[PDB]
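As a starting point, one isolated chain is supplied in structure tokens, in the form deposited in one PDB entry.
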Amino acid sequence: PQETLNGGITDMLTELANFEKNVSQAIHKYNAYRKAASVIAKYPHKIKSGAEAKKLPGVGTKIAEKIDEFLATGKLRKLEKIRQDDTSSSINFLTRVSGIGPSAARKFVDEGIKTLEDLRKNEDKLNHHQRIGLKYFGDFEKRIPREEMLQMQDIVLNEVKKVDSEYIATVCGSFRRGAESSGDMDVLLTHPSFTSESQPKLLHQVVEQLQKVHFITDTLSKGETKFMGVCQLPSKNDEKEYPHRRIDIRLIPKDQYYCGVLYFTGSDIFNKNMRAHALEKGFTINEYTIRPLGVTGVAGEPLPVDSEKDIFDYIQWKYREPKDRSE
């Protein structure tokens, strides 16, 4: 549905969500507001009353009341007030820096650090992640056109194969479902040598190679199974530089790889639906495994999975192309 349909309502609910998460530190209210905003965003009619909205799942009494105030007055008194609150708006804003969460944002504002300029002037109060988040503040908020995701994927797949042609690497996320833009790049990596009952440095060797060709530019976090950092496509000698981008690389044991690919391909709604159906057929699927459930509900041992389609076959579902996993 077009924004003009209920965009005022859904914008209000998203703003309220952000203040619950970042200022009130009420994560379940953040998700409640997000859920309400999403069910309304998909409603194909211009809402006329709170009562009409309350019929949708995730909209309750209090959001219905807020919708009534918004429809009658064009605003919400509580939102107008917190918007102009210097401390609350600064706390909310600072959490847009990757690495600054609600706790750090509150501590910064408490000691008078409220803006990007304030952070800039106080480097020694920032940890490594937060320094990177500040350095790439604008770039990290830009989306990534699919054409650049393809160029990025070209680099990742080539360098991974260069390190060891037995690696398997899959770029997941909405990109794998065919999205025309992405927010970041999520790479799932495995190697036949690595199983859940099992080489050294398997993730390190790939990260190192991507740094050696100057694709990975910074590291936010790095361990034996998960890397989170920053990358940048090369620019033509004369053209403007590409924005720096967020890339994650996860090393997963081969026997759990396709459960991971499935989960991290999504969508979120599709995953929920597939897990729901799985339980109906007596299986429990999580990010790692699919296990049979006995007649008393006791989970059995993980079942062998050698492809995404194996998982579909277990639950008697015909294979769904990533492109068709919107729900």
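Numbering follows the first chain given and starts at 1. The term rigid core refers to the maximal set of C-alpha atoms that superpose within 1.5 Å between the two forms. First, how it differs from the form deposited in another entry.
Within the set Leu233, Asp110, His277, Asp85, the hinge between the two rigid parts that rotate between these two forms is located at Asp85. The two rigid parts differ in orientation between these two forms, with the smaller turned by 28° against the larger.
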Second form
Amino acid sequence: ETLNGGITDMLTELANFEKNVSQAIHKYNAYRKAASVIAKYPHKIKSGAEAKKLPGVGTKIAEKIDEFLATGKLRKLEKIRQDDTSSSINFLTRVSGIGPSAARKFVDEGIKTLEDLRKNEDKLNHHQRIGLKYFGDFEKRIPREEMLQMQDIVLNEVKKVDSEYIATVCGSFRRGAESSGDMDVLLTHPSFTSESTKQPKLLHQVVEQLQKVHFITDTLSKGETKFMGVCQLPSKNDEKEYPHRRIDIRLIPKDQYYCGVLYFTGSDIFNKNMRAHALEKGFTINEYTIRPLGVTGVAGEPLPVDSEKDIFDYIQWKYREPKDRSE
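Alongside the form deposited in one PDB entry that was just displayed, please also present the structure of the form deposited in another entry.
Chain alone follows, minus partners and molecules.
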């Protein structure tokens, strides 16, 4: 956690660069298990060799370790850190809709800067076009102060359209968070569950509504179960307009809300931990259900859930408000 820091840090730096600049999923996958193990290790790694004893720890990495322990640096990292080619791939990648694959290609053609991207908007698809458009806004955190007004809005329209719609703003904002990165609205409807052959309109009706009023300004992607857009709060009585914010709304078979709900609310650790527990407690939990476990090794049989509670009760635990789902 702090004893093997630099080591794992230098480790993940390296990996990352494999997978990103180079297309070496392998090496990258290397740096990572290593980084993974050294991470667990209970003692100050003193040299390559000590490290070396580890599983995943070959001579290659063990060797970086020495150089790093000897000199507080690393050439390869000093070298990658310099390399514009590589620096470029790192950056372009920040544009929403631009993965590595494309970052490389762009770079190839010679799109390295934000401006390059500009003079060449043509080479970019819708997503990237928008991603490039709202570059500054996407990078900004969402103050809860606004998180609230946004949540407010969405809530309203949903209701206005069908009264039977249930929506929850999941994520860290759900958990208290002072700021958030984007908005995650989970959604369902009675009329839609595990069997009932869809109702695409269900997602659609709502999107349209949000748009109608001008909350949603664009679309990154809209399918029959997951809409991925951009919104903005009515820019008041001027002098102050709002930043464009990423939004996602997904449809859910009412028969799986709460789990999904549970889940998306995190946190990553709270989840896992709860998760590990349901286990002992004789269960299983995934992004959609909670299955009683059986002796033969494994088992099925989706237990019925009406609220976050049920999940709780099942594995017999103390209902933890989102506030404290911290870990």
